[PDB]
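There are 4 protein chains.
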Amino acid sequence: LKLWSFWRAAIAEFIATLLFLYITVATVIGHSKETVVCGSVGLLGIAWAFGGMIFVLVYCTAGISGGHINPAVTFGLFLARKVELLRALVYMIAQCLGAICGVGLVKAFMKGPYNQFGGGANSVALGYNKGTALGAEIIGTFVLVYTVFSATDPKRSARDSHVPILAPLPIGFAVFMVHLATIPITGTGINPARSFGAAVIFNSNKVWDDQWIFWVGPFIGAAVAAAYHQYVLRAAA
Amino acid sequence: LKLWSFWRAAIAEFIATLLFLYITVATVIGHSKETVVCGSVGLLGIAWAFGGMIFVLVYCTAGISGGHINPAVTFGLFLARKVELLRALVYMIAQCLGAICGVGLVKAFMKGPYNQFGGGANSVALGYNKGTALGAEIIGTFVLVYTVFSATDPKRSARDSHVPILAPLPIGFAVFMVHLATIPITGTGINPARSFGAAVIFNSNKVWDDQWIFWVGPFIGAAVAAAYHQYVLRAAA
Amino acid sequence: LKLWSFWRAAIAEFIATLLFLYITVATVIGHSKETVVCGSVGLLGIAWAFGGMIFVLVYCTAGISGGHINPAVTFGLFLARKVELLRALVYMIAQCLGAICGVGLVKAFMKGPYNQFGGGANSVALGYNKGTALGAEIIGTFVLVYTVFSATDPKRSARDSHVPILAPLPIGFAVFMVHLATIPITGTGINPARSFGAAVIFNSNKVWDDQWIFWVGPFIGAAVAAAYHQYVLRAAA
Amino acid sequence: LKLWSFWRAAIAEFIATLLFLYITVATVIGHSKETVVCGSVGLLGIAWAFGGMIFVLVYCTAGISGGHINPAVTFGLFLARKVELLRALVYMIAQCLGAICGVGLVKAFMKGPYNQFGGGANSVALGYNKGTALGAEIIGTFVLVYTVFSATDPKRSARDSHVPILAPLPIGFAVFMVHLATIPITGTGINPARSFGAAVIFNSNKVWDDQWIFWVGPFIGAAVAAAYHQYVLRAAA
Numbered sequence: 032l033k034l035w036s037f038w039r040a041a042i043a044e045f046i047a048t049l050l051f052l053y054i055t056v057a058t059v060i061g062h063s064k065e066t067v068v069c070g071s072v073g074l075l076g077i078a079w080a081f082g083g084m085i086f087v088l089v090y091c092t093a094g095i096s097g098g099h100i101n102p103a104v105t106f107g108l109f110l111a112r113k114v115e116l117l118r119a120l121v122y123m124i125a126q127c128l129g130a131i132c133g134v135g136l137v138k139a140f141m142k143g144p145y146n147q148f149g150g151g152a153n154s155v156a157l158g159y160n161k162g163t164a165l166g167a168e169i170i171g172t173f174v175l176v177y178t179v180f181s182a183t184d185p186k187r188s189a190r191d192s193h194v195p196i197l198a199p200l201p202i203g204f205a206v207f208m209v210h211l212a213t214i215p216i217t218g219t220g221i222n223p224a225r226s227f228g229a230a231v232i233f234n235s236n237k238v239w240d241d242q243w244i245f246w247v248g249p250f251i252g253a254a255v256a257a258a259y260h261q262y263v264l265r266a267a268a
Numbered sequence: 032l033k034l035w036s037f038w039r040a041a042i043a044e045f046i047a048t049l050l051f052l053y054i055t056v057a058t059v060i061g062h063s064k065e066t067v068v069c070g071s072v073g074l075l076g077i078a079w080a081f082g083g084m085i086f087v088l089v090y091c092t093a094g095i096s097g098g099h100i101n102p103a104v105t106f107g108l109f110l111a112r113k114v115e116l117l118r119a120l121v122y123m124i125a126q127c128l129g130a131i132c133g134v135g136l137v138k139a140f141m142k143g144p145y146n147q148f149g150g151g152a153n154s155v156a157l158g159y160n161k162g163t164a165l166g167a168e169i170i171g172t173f174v175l176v177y178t179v180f181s182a183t184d185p186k187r188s189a190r191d192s193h194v195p196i197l198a199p200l201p202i203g204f205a206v207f208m209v210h211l212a213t214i215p216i217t218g219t220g221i222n223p224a225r226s227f228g229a230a231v232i233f234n235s236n237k238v239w240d241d242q243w244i245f246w247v248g249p250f251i252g253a254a255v256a257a258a259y260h261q262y263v264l265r266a267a268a
Numbered sequence: 032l033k034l035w036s037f038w039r040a041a042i043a044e045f046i047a048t049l050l051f052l053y054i055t056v057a058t059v060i061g062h063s064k065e066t067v068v069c070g071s072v073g074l075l076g077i078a079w080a081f082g083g084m085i086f087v088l089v090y091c092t093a094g095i096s097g098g099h100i101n102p103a104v105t106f107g108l109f110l111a112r113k114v115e116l117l118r119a120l121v122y123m124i125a126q127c128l129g130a131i132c133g134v135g136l137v138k139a140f141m142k143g144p145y146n147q148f149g150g151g152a153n154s155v156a157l158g159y160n161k162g163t164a165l166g167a168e169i170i171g172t173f174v175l176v177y178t179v180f181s182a183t184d185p186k187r188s189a190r191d192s193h194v195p196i197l198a199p200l201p202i203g204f205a206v207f208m209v210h211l212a213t214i215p216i217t218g219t220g221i222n223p224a225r226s227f228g229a230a231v232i233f234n235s236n237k238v239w240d241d242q243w244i245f246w247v248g249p250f251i252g253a254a255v256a257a258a259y260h261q262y263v264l265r266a267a268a
Numbered sequence: 032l033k034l035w036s037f038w039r040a041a042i043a044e045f046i047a048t049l050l051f052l053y054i055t056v057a058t059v060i061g062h063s064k065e066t067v068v069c070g071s072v073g074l075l076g077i078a079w080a081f082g083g084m085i086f087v088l089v090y091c092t093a094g095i096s097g098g099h100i101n102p103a104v105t106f107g108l109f110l111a112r113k114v115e116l117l118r119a120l121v122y123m124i125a126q127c128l129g130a131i132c133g134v135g136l137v138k139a140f141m142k143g144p145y146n147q148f149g150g151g152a153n154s155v156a157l158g159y160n161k162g163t164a165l166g167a168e169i170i171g172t173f174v175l176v177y178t179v180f181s182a183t184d185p186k187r188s189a190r191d192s193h194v195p196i197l198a199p200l201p202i203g204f205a206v207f208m209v210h211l212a213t214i215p216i217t218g219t220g221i222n223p224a225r226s227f228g229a230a231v232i233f234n235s236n237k238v239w240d241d242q243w244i245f246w247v248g249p250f251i252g253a254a255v256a257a258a259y260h261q262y263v264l265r266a267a268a
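Chains as they are written, first to last, in UniProt numbering: chain Y, 32 to 268; chain P, 32 to 268; chain S, 32 to 268; chain W, 32 to 268.
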């Protein structure tokens, strides 16, 4: 009755996260497998795929679920009391499961290229240390969640809830920007479900060893954005 | 009287699909004929041409025809009872004829490059099987039509009809995103008229042999998006 | 009194066209002079410079002059009786003078590269004939002006006039798209002032010999768009 | 009470300028350190990073501070009496301090690449003289500030102030466009805080010797835009 709206929101987050990972990791593998020098969409094209799909998917789901597609976004909004505990945890599970599925589909379609070129997985690139990767993930997620907070509609909520509706364009652009800066360092995580889905499917020791960075970094970044918006700027009111 | 509005909608879809194919296939041939390494718009530029022209053309025609430019979009909206049978079939014919014309014009302007570089045609790239191409076309069209449904105006319709007006930016971006992911696999069809126009003008056995994928994939993708939006999300109401 | 508004509109078109040519031709020369393979913004970056500056400049001037920046846009709107004769001719002179000035400034800043790399001038590339270039200019300008007509505000006009206000984003995107398709053929003109400014400053026989294409093509494209919108679609009413 | 709103605006400008410099200079260093030919986001990606972050950050801060992120924007608005003297000077200090911090963070994360590849600093490229660089900075800042003035909301102001709210998309696009044209010449400054932050952290004689260009150019460009908008166009009223 409003429980149906709740379950439909969970489904919307599951499916959107699946589509997010399918499109973006297919883009990464498609770029990576390219033999002809500069016959691919390039790193710029990869950054567009991540930012542009967030714009599209937040647009589609904002009125249905709130359009999170990302455990760190759900967590930041939870801390600011904009999402209730049970919804938050249900969203994070839906997101993580959807992400596994989307990456699974890319692997099903292009198994050889998928394994050869890194599986869309986040890890620390050679030359950087884990403190740098962690710092880059915290600041990158801070940019994203600070944008999400600035993009919340104070009056309007997702169907049968108090989860605010979000303006999708600035949020997609924040994701695009952070990818431009962070791809050389970690591939860019800023989204624990996206990092976890790829780790589950790719299944390498190196990737699993770095995985904590892509949970801890984004949760800290999200928490600091929440405190900044709500307490330092008092930008809610 | 409203029959004139009907015929003007058909003309609007014919012309828009012609412009769609002219601009995008001229972009593909112009990229492909380039000798100087990295002197072209690249695959990223091709993906922009397809997404950006959908944004422009849906913007221009949304109030006149509904702005479909694509038999799979018309079919999905038909299944949800948003387009009547006779309009649907008239739109699909207008789209397919316009597409033949637009590709015809590119061939008229650059015949040598046109034949040498593949004629803007969709087919399965070497290394992928038809099951993968079909899967990639279904999911890609699902992203597009799921976006179209989320972009419908519940209150406002095209002139003298009940075909909903569509928000063109998210739709153009969905087309752009799906191109980033799918170009290496099939060139990206997700539009039976676009695939058919190029097949008619280019006229090769290889291309004709793959053509069913670019009709069946998109129609299935569109049907599943329709059912998802209307029955699982109940996102109409 | 409204004559001052008239003269301020002419100044706004002069300055906007100057800025248009300075930014875009500086972009073209900056790309072209690049020695390091793929150390430039590429042809995609050039296409963005033209589309993006039209978006910016139409945004700035739409309420002041109508935001034309382009004799073919002024001519199409003139034919549809949306601009009076004396205003139309004053706008075209302002646009052509501004364009000469903007290209003049690029030459002043980078004289060596400016002359070596073609001076931002439009002409027919080797391999295409003049019939093809003319056809490409007609269709390209048709896309642009068809978009301008679809972007007109039926209720709202520029200050102290009946020149409609225009939605700048779709128009900028139409310019971007047409550049993706047409750069390899003519560089893309679709704007007689832009083509003329560069011809005046660069001053070569080859360029002057092709210059009629960049006036005749766009004026025909604009006229057909006007007739299409107003008479075939009846999209005014 | 409104003094708190004042201090929160200063903090918002400090943090936004820090994020601006971190994301954009990390993008520049990440591009520059790339060994594999065309394995980076390219100069186009760098131009996106600067324009896109201005769009994002102006979006986030427009209702809190006015969204300046740039001493030349604050100065132009000051000259037009849209910002009071004490606020103006407090904003410029906040911006310059934030910029030092953001560049500082990039250096902390990638010290080797940071020093090797120029430190995100603006200076005159080999082949251009200082008159050209100064001219390019004046016109580039004129485009930006002319856009800012055209983007001001006549009715609505930042919290507890008379600083107008700004439309962030056209402003971000103006920054993007000016980067396309100006990167080969100076790297593009058009923002005294951005130029100063990088000079402070990179600390080279060459860079310090050119630094006056990146203060004088933008302040003149801003002043001429202010006079153009307010006195020649009378575009306020």
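Just so you know, the hints here were simulated from the structure itself, not pulled from any lab data.
Possibly wrong hints are sitting among the right ones.
If chains are identical, the list can't say which one is meant, so a pair holds when it fits in one copy or spans any two.
Derived DSS-like pairs: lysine-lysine, alpha-carbon spacing no greater than 25 Å straight-line [unchecked claim]:
1. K64 - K142
2. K142 - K186
3. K33 - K138
4. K161 - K237
5. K64 - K237
6. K186 - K64
7. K161 - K186
Tested hints:
1. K64 - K142: Within one copy, since 12 Å is at most 25 Å while 31 Å is not.
2. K142 - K186: Neither: 47 Å inside a chain and 46 Å across chains, both beyond 25 Å.
3. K33 - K138: Neither. Shortest intra-copy (37 Å) and inter-copy (51 Å) distances fail the 25 Å Cα cut-off.
4. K161 - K237: within (13 Å within a copy, 34 Å between copies)
5. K64 - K237: The answer is both: 21 Å in one copy and 24 Å across copies each meet 25 Å.
6. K186 - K64: neither (47 Å within a copy, 46 Å between copies)
7. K161 - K186: Answer is neither: 41 Å inside a copy and 49 Å across each miss the 25 Å cutoff.
The structure does not agree with the numbered hints 2, 3, 6, 7 stated previously, though it agrees with the rest.
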